[PDB]
Structures are given as structure tokens and as C-alpha cells.
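Student: Go by the hints and put chains B, C, D, E and F onto chain A.
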Amino acid sequence: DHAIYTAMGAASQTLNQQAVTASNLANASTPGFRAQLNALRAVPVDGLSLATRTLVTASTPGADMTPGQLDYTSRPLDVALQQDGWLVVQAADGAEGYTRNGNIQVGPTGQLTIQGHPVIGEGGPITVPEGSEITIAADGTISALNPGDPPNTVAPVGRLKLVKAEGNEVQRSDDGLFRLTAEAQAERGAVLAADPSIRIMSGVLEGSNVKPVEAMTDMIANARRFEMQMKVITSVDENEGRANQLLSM
Amino acid sequence: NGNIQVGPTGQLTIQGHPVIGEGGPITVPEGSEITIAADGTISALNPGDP
Amino acid sequence: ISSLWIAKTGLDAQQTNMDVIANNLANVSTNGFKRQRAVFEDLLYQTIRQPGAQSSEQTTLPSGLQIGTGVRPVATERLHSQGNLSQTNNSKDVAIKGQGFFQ
Amino acid sequence: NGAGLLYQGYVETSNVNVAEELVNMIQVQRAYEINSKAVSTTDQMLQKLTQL
Amino acid sequence: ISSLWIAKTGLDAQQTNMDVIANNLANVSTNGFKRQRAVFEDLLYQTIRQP
Amino acid sequence: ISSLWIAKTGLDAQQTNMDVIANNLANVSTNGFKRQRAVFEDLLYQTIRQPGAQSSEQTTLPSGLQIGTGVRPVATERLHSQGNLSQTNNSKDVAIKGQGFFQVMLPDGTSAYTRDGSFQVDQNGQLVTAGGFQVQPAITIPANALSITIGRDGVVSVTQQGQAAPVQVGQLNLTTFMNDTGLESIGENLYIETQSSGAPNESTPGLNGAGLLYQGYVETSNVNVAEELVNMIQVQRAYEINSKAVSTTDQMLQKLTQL
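Protein chains in written order, with the deposited numbering: chain A, 2 to 250; chain B, 102 to 151; chain C, 2 to 104; chain D, 209 to 260; chain E, 2 to 52; chain F, 2 to 260.
Pulled out of the complex, with its shape left as it was, chain A reads as follows:
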């Protein structure tokens, strides 16, 4: 009789998987977004007699670090990272996180922000002068030019901090930021060190990496699996609906 539970579990898990797909289709245009993977894990429940029941659960083995294609917005302060590059920003709790949203904004006080989070480079959170035009070099060097000054007065005002994470040792937080996992921080220290090998380029912005074919195939598979599970459930219920009649006597 309890076999139906197993079936319904799978059905429920399917919905969870579906939700993940919807999320990937929801933010299909957010810049610097990494698609959320999904997978199904079988849990063999053991016990006495003979082991037959095998439950199903859903899981997300992290995101995928395939770099998405980028738009050329010609904006002087929009950057795109390398194959495995990450910008370092300061989260709301004070810890640092790694992102790829190269859409930097300037406030009314020279504060450089990404999605409202401060940006930290060499030293600490950088701050350009009050109302200067900003240019970003290929290695993170920032050149600020105060308006009205002659063009030969360009002077560096800081340098970004780029880290290089493989992708198998970074886990997403609950707000979209990525952080080193336990093994990563154990083997590479609490905070990563900037490496000169990372190169960026200004004027372009990297979009999300969502494959429509993958989403469509996953949705079709989820629908078919859910319908099969419903068929199993109704068959089990109908079959069991006569053991009581047998017991009635």
C-alpha cells in the first residue's frame, strides 16, 4: 500500500525541478547570471526482508560557469570578465562575494557600486573622485579624468581585484552571490588573491547563459514523468480499493 508514497514523492520532486527551470527562464536577461543546474538523486531505503523501495529526491549541484555572450553597449564603465574571472564585492553582512555583473554604477559621491553593493579592489572599497569620467584598463587599472581638465592630466585612481575560481569549489549564496566552499577556503585561504593573468575589457556587458533547448527538453521530460507518476498512483489506488471489500466478508 505504501508504494504509492514513493510515486507521489517523485511527482512532488518533479515540481521542484520544474520550479528551477522556471527560475532559469525567469531571469533570462539579467546580466552576469549563471544558470542553476538540477539533478535527481535516488535514495535506496534499506531495512528488513528485501530492499525494493527507492525514493527520489531533487538536488542542485551548483551553477555552471559557461561564459554567456555579451552585448556591446559602448558604455565606458561596463566590463566583461575572462573565461573564469570573478569580480569581488562586499556583501550586506561584511563578507566578500564573487560575481560577474560588470555593470558598474557611480553615485553622487564617487562610490562605485554593482547591484547596490560596494566594489573592492586593491586595499579596500575604491572611490573615484567626485565627478570625473572613468576609464577601465584591460587589467583592472582605473583612470579618472576630472571634467574640464586637459586630457593630458589622466591619473590612475585605483585597481580592481579579480579572482579566478574554477567553478567546482564555489557555491551560490541565498542572494545570488557566490562564495568559496569549505574545501576551497581551506586550501586557498580565507580570501583569494588577485592574479595578474585575468584580463577584462570595457564597453561590453555579459548576459546570462541559459540554453533554451535544455529548458524545453527538461520541461517536456518533467511533464511526461509527472503524468506517468499520476498513472501509477491512480492504478495503485484502484488496485487497493478492493482489498477492503475482500476483508469485509
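No lab work stands behind these hints: they were computed from the structure. All C-beta atoms in this analysis are idealised placements derived from N, C-alpha and C, irrespective of residue type, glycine included. Keep in mind that the hints are not guaranteed to be accurate.
30 angstroms max Cα-Cα, derived DSSO-like pairs, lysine-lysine [as the list claims (entries may be wrong)]:
no.	chain 1	residue 1	chain 2	residue 2
1	D	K256	A	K165
2	C	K9	F	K245
3	D	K256	F	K98
4	D	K245	C	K9
5	A	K232	D	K245
6	C	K9	C	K93
7	D	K245	A	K165
8	C	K98	E	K35
9	A	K212	F	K256
10	F	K98	D	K245
11	D	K256	F	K245
12	F	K256	D	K245
13	A	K212	F	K9
14	D	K256	C	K9
15	D	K256	A	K232
Stretches of chain D that chain A covers, calculated by requiring three or more beta carbons in the stretch to come under 8 angstroms of a beta carbon on chain A [said to hold, decoys possible]:
no.	segment
16	209-222
17	249-256
Below, a sample of chain A positions facing chain C; criterion: calculated Cβ distance under 7 angstroms [stated by the list, open to error]:
no.	residue
18	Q19
19	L26
20	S60
21	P62
22	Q116
23	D175
Tutor: Showing chains B, C, D, E and F alone in chain A's frame:
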């Protein structure tokens, strides 16, 4: 599959498989231009040479 | 159902982006107008099962479930670039070269 | 103080680039259609659930 | 989708090239003007590894 | 079901093909660009049962079941042919004949190799490429230079004010590789050495298989649009066919689950 590639050491290969000619796996000179005849003969011209 | 409430947000984001594009295209011939670009940002995620570490050298995938929530439009920034100059030959038309606004 | 000059007899036209506007419109349409497909799929599976 | 944005970048590059061509043709009678040319460049290549 | 996975692999392969075609078409105006082409390869095959006995007084077909798996993109190769030359009349632009790569110095400290010949001069006189990357042989052109002339060989000379004889200031020797296809491409028309390409060897132009330098010309991209259009048509049709296959498999599965 007629797509033939040349390795750094001049050893011919197709999809990672060393192609064998008359004898064993044929090895051409290092950086010579390779021309295929109408019967399988391979002509190698060392670049810069006459 | 969460799927409906996520796809609703997706459709709304696409609709707002289309409205922004339509507004940009509609007044293309107006003078001294700056285009707009709408940036989106994903909502927060809910972690259902914590990804408990194994470190058993089994090369197993991480077992952690984290569901998304959807997408919202966060900002619409306008690009203040220098546009082209068109001559009207009128004695009372002034075009700004650089940055600044009349009051 | 870093302020632009003035030209008389000229006006500044809008800096709208239609070449990318068309591309953005196409992408918006395709994403909208994809989300509609997702809605249809989840509605169909929910209807199958509530069939029994 | 990726090809769409690549083609958009190509369109923008061609638009910039036409812009400089038109600018050169406009002031063909300007004394002391110097001809202008635009040099383009490809974006980053993303690599895919195999086992 | 395996059919969906096979069709997904096919669709992804077609998408990658369209991606490389779009990449080739986009930078058709890039100087010194070598067009790419993607080559695929089929996956493994599962033998459900081996063929039995046959050709025994009978002409029966062999009863062997061997299911496929799909297709993956195995490589993307560029054709290091010779492009056409366009005149620019700029005395600091060099076109290269034959084989060879100018060696530039990346900011981090390593070196890259390029074909794009269009150089400029910084404030210190050194010859750099468009982007600021200094040319590794480090040619420095002095001030008050009336005109810079680069011969068919790598020698570069500049005539002074009073002196009749030009003064030599440097040599633009260039590098060659055993396998030019194996160079790893990055942005800004730069190639870096890998294990697939042999160790670079530097030589003067015109010797040891090196090319020749033409002053005031720029090498054009070797892209053929006629190939690209037909490839686009072919990949679009293949994509449509695979989508039809997905639709049919979905319909038959939906018919099954209505049981």
C-alpha cells in the same frame, strides 16, 4: 573522414588516430607544406626552400 | 503553485522591457532625448536542504537544494552620450557641446 | 568647470540606435514566448494531477 | 541564444565604419582636414575543454 | 528516454555551428583574421546484442542491434591561408607575406603572437600595436623623424634632417611555428603558444620560411560569405528537422502516458 591534421612533431593524425600509409604510420617533415596527389602520394615542400 | 508565480514575474519583466523599448522607439525624432536601458535582477533563493559536505573521495555531486524565486526590474538607466547636431537655421536654437542643462 | 559650449542654430537629436533596438525587441518576443510555453506546460501537468 | 548578440555586434561595427566614412565624405572641402580610419577587433574567445 | 538526449545533442551541435558561422560573419572587416570551421564527431554506440550466425545457405540480413548516442563538437580549426592586401598609405602599417607572426609583449609578462599589422607610436617613441601592447623586439623611432621606411626585409630606417644616408634603427624579425593551427586564440587578435603548437622560432623576414613585409598595406580577412550563407541555410534546416524529431517523440510519449 578526409579531415587530416598535422601534429607539432610532423606526425599525421585523424581524430587522434595516426593514419598509416605504405608501411606504418607515416611521418612528414616538421613544417613542410603537404600536398596530396591523385593516388595517395604525399609531397612535402620545406617552406622557404626552392 | 510556485511555477505560475515565477513565470508571471518573467512575463511581467518581458512586458516592462518591451514597454521601455517602445518608448525609446516612439520618440526617436525628438530633440535632446536620451535612450533608456532597463536592468533586471533576480530575487532571493530558498535553501531547502543544506549541502552537507562529504569529502569521502567518492567524487560525488554536492547534495543541496536551492530554489529560485523570480526576476524583477531594478533600475532603468539612461545613457548620457553626445548626440548628433541637426541644423534648423533658426536664430534661437542652441545645442550643447559636452555636458550641462538649461534651467 | 567642465561644461560644454553652445552652438547657435543647431539642436541636438536623440541618441537612439535602432539597430540594437530591433534585436532587443526580437529577444524580448522570444523570451516572452518561452515563458508562455512554461506556463502552458505547468498548467497541463497540474490539470493532469487534478484529473484524479 | 548567442548568435543574435554576435550579429548585433557585427551590425554595430558596420554602423561605426559607415559613420566614419560619412564623416570623411562630409568635409571633403575642409582645409587641413585629415582622413580618418577605424580599426576593429574581435571580442574574447571562450574555450571548451574535452576529456 | 534516450531519443530526447540524442536530439538535444544534435540541437546543441547545430547551435554551436551557427555560433561559429555568426562569429566568422561578424568580424569580416577585422584585419588579419583567419576564419574558423567546426568539426564534430559521433559518440559511442551501445551493442545490445552481437550478430549471430549467417551466410549459411541463406541470404538473411544480419540481426545486430547497435544503438547510437549522438554527436559532439570535437574541434574548431582556422584556415591559415593568405588574405588579400588593402592599401592604407599609412607608413606605419605592415602587411606580411607567407607565414609568420609579429611578437608582442602582454602586460602580465608573457608574450603573444599576431598577424594584424597596424602599428602606432607612443609618447616615448616605441612602436606598439593598436591597444598599447609593445612590440617585443622594441623598435624605437627617434623624434624629428621625416619619414619611416620598412623594407621587404625586417630592417626599419628613418631619414634625418641633414644626413643623406638613412640611419638604421631596428630589425622586425618575426616568429614561425611548426603547427599554426594549434595556437590558442584570445581577444585582440592574439595567439598564445600551447603544447599542440611547437616552440616558436624567431627569424629575419625572407629566410627560414619566414614571410616578407610590405609597407603601407593591411592584410584582409579570408572569409568567404558564399560559404557562410549556404552553411546558415543548412544549419537552419537541420535544426528544424531535429525539432520535428523532438516533437514526434514528445507526441508518442504523451500518447503512451494517456494509457
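Student: Now tell me, hint by hint, if it's right for this structure.
Tutor: Taking the hints in turn, this is what the structure says about them:
Under the criterion of a C-alpha separation no larger than 30 angstroms, the hint pairing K256/D with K165/A is inconsistent with the structure, at around 47 angstroms. A distance of roughly 29 angstroms separates the Cα atoms of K9/C and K245/F; the hinted pair therefore holds under the 30 angstroms criterion. With a C-alpha separation of about 69 angstroms, the suggested pair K256/D and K98/F falls outside the 30 angstroms cut-off, and the hint is violated. Straight-line distance between C-alpha atoms of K245/D and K9/C comes to about 12 angstroms, which keeps the hinted pair within the 30 angstroms bound.
This hinted pair checks out: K232/A and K245/D have alpha carbons roughly 24 angstroms apart, not beyond 30 angstroms. For the hint linking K9/C to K93/C, the alpha-carbon distance of about 50 angstroms lies beyond 30 angstroms, and the restraint is violated. Distance hint between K245/D and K165/A is unfulfilled; the C-alpha atoms sit about 37 angstroms from each other, more than 30 angstroms. Simply put, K98/C and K35/E have alpha-carbon atoms about 22 angstroms apart, close enough for the 30 angstroms limit, and the pair holds.
Between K212/A and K256/F the CA atoms are separated by roughly 27 angstroms; this keeps the pair inside 30 angstroms, and the hint holds. Restraint check for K98/F and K245/D: not satisfied, since their Cα atoms lie roughly 55 angstroms apart, outside the 30 angstroms limit. Under the criterion of a C-alpha separation no larger than 30 angstroms, the hint pairing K256/D with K245/F is consistent with the structure, at around 25 angstroms. For the suggested pair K256/F and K245/D, the alpha carbons sit about 20 angstroms apart, so the restraint of at most 30 angstroms is met.
Of the supplied pair hints, the one linking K212/A and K9/F holds, its CA atoms being roughly 11 angstroms apart against a limit of 30 angstroms. Between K256/D and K9/C the alpha-carbon distance is near 21 angstroms, which keeps this suggested pair within the 30 angstroms criterion. With a C-alpha separation of about 9 angstroms, the suggested pair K256/D and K232/A falls inside the 30 angstroms cut-off, and the hint holds. Chain A is given as covering the segment 209-222 of chain D, and this holds because 3 residues of the stretch bring a CB closer than 8 angstroms to a CB of that chain, at least three being needed.
Counting residues of the segment 249-256 of chain D whose CB lies closer than 8 angstroms to any CB of chain A gives 5, which reaches the minimum of 3, so the coverage claim holds. Taken as an interface hint, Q19/A checks out: its beta carbon lies about 5 angstroms from the nearest beta carbon of chain C, inside 7 angstroms. Checking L26/A against chain C: minimum C-beta separation of about 6 angstroms stays under 7 angstroms; hint holds. Checking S60/A against chain C by beta carbon gives a least distance of about 5 angstroms; that is within 7 angstroms, so the hint holds.
Taking 7 angstroms as the C-beta cut-off, the interface hint given for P62/A holds, the closest approach to chain C being about 4 angstroms. Because the beta carbon of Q116/A sits about 6 angstroms from the nearest beta carbon in chain C, less than 7 angstroms, this interface hint is met. For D175/A, the interface hint holds, the least distance from its beta-carbon to any beta-carbon of chain C being 5 angstroms, beneath 7 angstroms.
Of the numbered hints listed earlier, those contradicted by the structure are 1, 3, 6, 7, 10.
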